[PDB]
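> Model the full assembly from the supplied sequences, consistent with the hints where possible.
Each chain, letter by letter, is given below.
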Amino acid sequence: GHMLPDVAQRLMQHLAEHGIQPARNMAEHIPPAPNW
Amino acid sequence: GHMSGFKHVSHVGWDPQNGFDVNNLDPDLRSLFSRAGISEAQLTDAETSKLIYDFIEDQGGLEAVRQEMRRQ
Numbered sequence: 001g002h003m004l005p006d007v008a009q010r011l012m013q014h015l016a017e018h019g020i021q022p023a024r025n026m027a028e029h030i031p032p033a034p035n036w
Numbered sequence: 037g038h039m040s041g042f043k044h045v046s047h048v049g050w051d052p053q054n055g056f057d058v059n060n061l062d063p064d065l066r067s068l069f070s071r072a073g074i075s076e077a078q079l080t081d082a083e084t085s086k087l088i089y090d091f092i093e094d095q096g097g098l099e100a101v102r103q104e105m106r107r108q
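Protein sequence lines, in the order shown, are assigned to chains X and E.
Under this note's numbering, the letters of the first sequence match residues 1 to 36, in that order.
Under this note's numbering, the letters of the second sequence match residues 37 to 108, in that order.
The hints are simulated quantities; they were obtained by calculation from the structure and are not laboratory data.
Every residue, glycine too, gets a C-beta built ideally from N, C-alpha and C.
Keep in mind that a hint or two might mislead.
Examples of chain X residues lying across from chain E (beta carbon under 10 Å, computed) [what the hints assert, rightly or not]:
| hint | residue |
| --- | --- |
| 1 | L4 |
| 2 | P5 |
| 3 | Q9 |
| 4 | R10 |
| 5 | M12 |
| 6 | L15 |
| 7 | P34 |
Next up, the structure:
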């Protein structure tokens with residue numbers, strides 16, 4: 001929520017105004033996989 | 037602008053592609069990002085972190101957004 005008392009609110013707008021991928025999945029970068 | 041003497045090192049524990057190195061990632065930044073909603077995954081995403089750095093640079097730099105914490 002943009003109702004933050006610091007610079008953190010300013011960030012929510014700046015990612016949203018472009019198309020940043022939410023903290024969940026379906027992102028570009030992948031988790032490193034351990035090999036045997 | 038990056039004419040001479042930029043008060044915001046583009047290194048900033050961040051990698052141009054794979055995002056902020058959350059192991060070498062500044063706790064104050066970590067504070068901000070966690071507030072903003074940006075989690076560890078997002079911080080390590082390309083477009084996300086890239087625009088986060090641009091974000092930080094928009095207000096003048098690292099010290100600048102840190103001041104916003106106590107200022108806004």
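> Against each hint, give a clear statement of whether it holds in the structure.
Structure-based check of all given hints:
Hint status for X/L4 relative to chain E: holds, with the closest Cβ pair at about 6 Å, below 10 Å. Given the 10 Å rule on beta carbons, the hint for X/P5 holds: about 6 Å separates it from the nearest Cβ of chain E. Nearest Cβ of chain E to the Cβ of X/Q9: about 8 Å, under the 10 Å cut. The hint holds. The beta carbon of X/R10 is positioned within 10 Å of a beta carbon in chain E (closest approach about 7 Å), and the interface hint is therefore held.
Interface hint at X/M12: satisfied, since its Cβ lies 6 Å from the closest Cβ of chain E, which is below the 10 Å cut-off. Nearest Cβ of chain E to the Cβ of X/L15: about 6 Å, under the 10 Å cut. The hint holds. Taking 10 Å as the C-beta contact cut-off toward chain E, the hint placing X/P34 at the interface is violated, the least distance being around 18 Å.
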